[PDB]
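So this first bit is one chain, no partners, the form deposited in one PDB entry, shown in structure tokens.
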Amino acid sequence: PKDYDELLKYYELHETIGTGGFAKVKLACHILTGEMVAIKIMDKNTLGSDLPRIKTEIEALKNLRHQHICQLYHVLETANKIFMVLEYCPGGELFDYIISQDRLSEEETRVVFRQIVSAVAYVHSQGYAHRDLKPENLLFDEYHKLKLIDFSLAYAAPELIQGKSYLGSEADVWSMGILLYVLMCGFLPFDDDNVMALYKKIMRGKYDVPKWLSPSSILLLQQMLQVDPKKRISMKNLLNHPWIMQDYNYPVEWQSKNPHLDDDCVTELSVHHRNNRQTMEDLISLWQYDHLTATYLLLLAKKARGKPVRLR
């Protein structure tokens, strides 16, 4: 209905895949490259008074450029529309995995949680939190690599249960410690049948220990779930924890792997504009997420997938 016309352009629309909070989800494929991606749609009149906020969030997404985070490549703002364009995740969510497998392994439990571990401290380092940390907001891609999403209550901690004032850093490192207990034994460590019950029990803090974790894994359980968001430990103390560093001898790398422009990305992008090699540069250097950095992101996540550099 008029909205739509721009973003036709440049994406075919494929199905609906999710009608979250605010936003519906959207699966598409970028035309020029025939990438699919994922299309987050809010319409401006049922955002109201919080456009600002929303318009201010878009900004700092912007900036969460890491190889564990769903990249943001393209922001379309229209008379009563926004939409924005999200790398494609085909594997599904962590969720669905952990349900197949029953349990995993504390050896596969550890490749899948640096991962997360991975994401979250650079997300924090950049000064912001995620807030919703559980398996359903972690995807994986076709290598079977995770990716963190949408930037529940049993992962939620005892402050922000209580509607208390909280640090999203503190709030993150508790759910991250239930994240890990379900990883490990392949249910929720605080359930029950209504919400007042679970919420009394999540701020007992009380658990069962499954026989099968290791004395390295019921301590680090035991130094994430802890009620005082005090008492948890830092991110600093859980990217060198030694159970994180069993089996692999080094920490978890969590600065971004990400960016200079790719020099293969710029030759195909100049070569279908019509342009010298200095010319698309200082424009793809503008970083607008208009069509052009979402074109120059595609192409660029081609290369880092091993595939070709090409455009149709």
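Positions refer to the first chain, counted from 1. In this text, rigid core is short for the largest set of C-alphas that superpose within 1.5 Å between two forms. Compared with the form deposited in another entry:
Only one of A129, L239, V75, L104 has its C-alpha shifted by 2 Å or more between these two forms once the core is superposed, and that residue is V75.
Here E57 counts as shifted, since its C-alpha moves by at least 2 Å between these two forms after the core is aligned. After superposition on the rigid core, the Cα atom of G34 is displaced by 2 Å or more between these two forms. In a rigid-core overlay of the protein, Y248 has its C-alpha displaced by under 2 Å between these two forms.
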Contents of the next structure:
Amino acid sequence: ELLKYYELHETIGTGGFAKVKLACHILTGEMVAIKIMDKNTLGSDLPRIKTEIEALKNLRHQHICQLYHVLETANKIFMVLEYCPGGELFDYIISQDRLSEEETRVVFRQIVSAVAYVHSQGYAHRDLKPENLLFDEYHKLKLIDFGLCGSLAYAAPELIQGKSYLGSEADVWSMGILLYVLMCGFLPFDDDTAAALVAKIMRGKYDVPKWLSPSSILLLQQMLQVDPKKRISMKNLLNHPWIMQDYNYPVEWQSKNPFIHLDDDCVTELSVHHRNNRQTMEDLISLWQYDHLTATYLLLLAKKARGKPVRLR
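Having seen the form deposited in one PDB entry, can you show the form deposited in another entry?
We keep it simple here and write out only the one chain, dropping partners and molecules.
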């Protein structure tokens, strides 16, 4: 209803919180994903989502899944998001059992990039797990659900015991757990009772498979220090020996597509369409409301990047 700015297609994952519906932006012809939140189901965590959405308006990175449009009806919230055909990182591992060191490295370098960018913008994800890591058609990673139950396995020990934590030192712990599951295909700390799970995280002791290389084991033990003072810093991680073991350059965390100025061709096409001049069109865009204009601009930008003509129907 009312979001007939879009033709609706397939359903690609329902949660008891938010469902995702596939869609097509009428004007641009561009494929999109729609996260459908129900305000009734949220309730005591609506500002949780509003703050999540407000962070997501200020993040423009190649490994962050792009927000196009927010739409809030009487009872529903619609997030219009970058289309990620490739699927989830979680489902990518379970199908390969585990990834090669060389492939984990390729993927890991992308997580580091997305996460470093986020930090530089003065945010921490505070939930890095393979269920938040989507793949595009070019098999590049995109980061989702910035939100902050079964994230207890990926939780930092100082986060567990309600101590004073830094959001980056936590993000580093999470990336250690993720690095483990990438190479092994199972969790380093895992238990049926959640108290014994909490015990193993504090103990800091974990299994090491025979297939793990020494540099791997060594990076893992740098990353899964219980004491946050002892954990590897984000700064030291970008140019780490292991990280640079195949592609001998540090992580390119800097946004490769910054929001700088508005694109000329997009502004001219929106001016002809919305039947007003360049300046009145530019002012209207620069307001960045995450309405249909923001979606049309950002999706015309997408169309331009593909080498398709910068035109609405």
